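Participant: Residue strings, one per chain:
Protein chains: 2
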Amino acid sequence: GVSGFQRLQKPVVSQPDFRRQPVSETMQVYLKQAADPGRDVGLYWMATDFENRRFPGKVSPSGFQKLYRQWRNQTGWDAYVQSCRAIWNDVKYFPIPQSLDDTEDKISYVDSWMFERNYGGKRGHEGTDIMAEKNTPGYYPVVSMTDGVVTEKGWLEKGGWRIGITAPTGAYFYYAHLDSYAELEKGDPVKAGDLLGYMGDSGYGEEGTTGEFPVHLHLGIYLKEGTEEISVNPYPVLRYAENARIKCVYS
Amino acid sequence: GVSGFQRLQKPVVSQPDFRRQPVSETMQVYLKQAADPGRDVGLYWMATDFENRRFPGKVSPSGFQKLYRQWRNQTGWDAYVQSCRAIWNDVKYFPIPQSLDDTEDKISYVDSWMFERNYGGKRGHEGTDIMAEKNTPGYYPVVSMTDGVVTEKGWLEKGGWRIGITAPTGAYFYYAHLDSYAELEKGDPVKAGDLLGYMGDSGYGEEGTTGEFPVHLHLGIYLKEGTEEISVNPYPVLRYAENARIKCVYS
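Keeping their order, the protein sequence lines are chains A and A'. A prime marks a further copy of an entry chain. Using PDB author numbering, the letters of the first sequence correspond one by one to residues 0, 29 to 278. Using PDB author numbering, the letters of the second sequence correspond one by one to residues 0, 29 to 278.
No lab work stands behind these hints: they were computed from the structure.
Treat identical chains as interchangeable: a pair holds within one or across any two.
Keeping only pairs whose Cα atoms sit at most 30 Å apart, straight-line, the calculated DSBU-like set for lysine-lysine is: (1) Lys-133 with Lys-85; (2) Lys-59 with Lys-119; (3) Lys-59 with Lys-161; (4) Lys-85 with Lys-161; (5) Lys-161 with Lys-93; (6) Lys-59 with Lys-133; (7) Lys-161 with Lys-119; (8) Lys-180 with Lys-133; (9) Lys-180 with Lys-161; (10) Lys-37 with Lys-93; (11) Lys-218 with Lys-119; (12) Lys-185 with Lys-251; (13) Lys-180 with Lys-119.
Can you make the complete structure from the sequences, with help from the hints?
Facilitator: This is how it looks when you write it as structure tokens:
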């Protein structure tokens, strides 16, 4: 095996088990009530060697405080917990609002991380695809999961109309295949829950191409390691934010 | 465009729009109450040129009976409607039971068809991946969606422990990555709702390999065209069967 101590001696963001974000259902229940979810998930990974060994203590506030007082002494802790908090601590809302009006607001999504990493041609574009129930563009709003600043805005061949928000703890949240944008420009500040645009099917052709694939929001989360932006699995943080849907009139 | 008439002049199973199974939410609601869902979805595709044109009549029993009396005259109708009924008409149950005990029975799945068809290395293995909420093998039962006969049973490198059921209308239902099998052998008859095995994470190595990917059921549906078995999208028929979960004690 490779122990938590050993893992903490090298940069953690590019380690495959960190990128995968392995979170058991026990831990998902716990995280919804945690004051500092990035810290606690980070401690959970250290204590379980990224779910390779059993969790020794109690999955509880006092169990995590005990782990914290130990692990914070480690060289490497500061960078590691900052990476965990960058993913987890800035998320206030799920990216798709719930409907205030009596209108369809259903979406569906799965953890595709292991399918995408192992012979996928999605290299650098790995994330979570949030699928529209009503397969029509320009209908589901997309809101910012976090506070932050608009870092990128425009077309990419493989992302269609995308927008990127850099959140205060340092992660880059990537929203792709939009049908249209909110009134936002690079450099503008955003608050969590603010409109970023509407879910679409844009991409895979020249600028402005639509209709080539089903309507969905592609969500990516990226952390910088050295000069490289590294994708990490958004699925568990999305599950954590599942019941935090901002209420909006769609139509 | 290509009209319904034109489409009906060539074998329909290998046509990309047939394989994709495009079914609007209006049609999904209708299909749950339809006596002959294969017929009615087939008529819907003919009348809309596979959702390329608006549906001219009323999405209702009388609208479909009217379409039936017209389209049944077409050379090609017999083979085409048999293909539609082979996918739709034999499905009595969703493949994952609901729990009678107070135990986790949640699953998640998306329409991955267009993602898999367009530069996917899953050629011939396209289907729907039904993901376990509780990511543990040997826990979720897998039951036969249809009556039929066990046609194949054993290991495949890319399917792990798989089992194949040929349903009475002629489709082959493919269940893959199982952790284990029910007491069944090739040639045995099955009834819809019968246990086939337990959802696993088997595959991607020598016979019996487990643990290389998340626990999920891979479901495929195949129709024979000439000598070839052709995969078709199971997602819409799964959605149709969503509320038809057999009740089982899991633990």
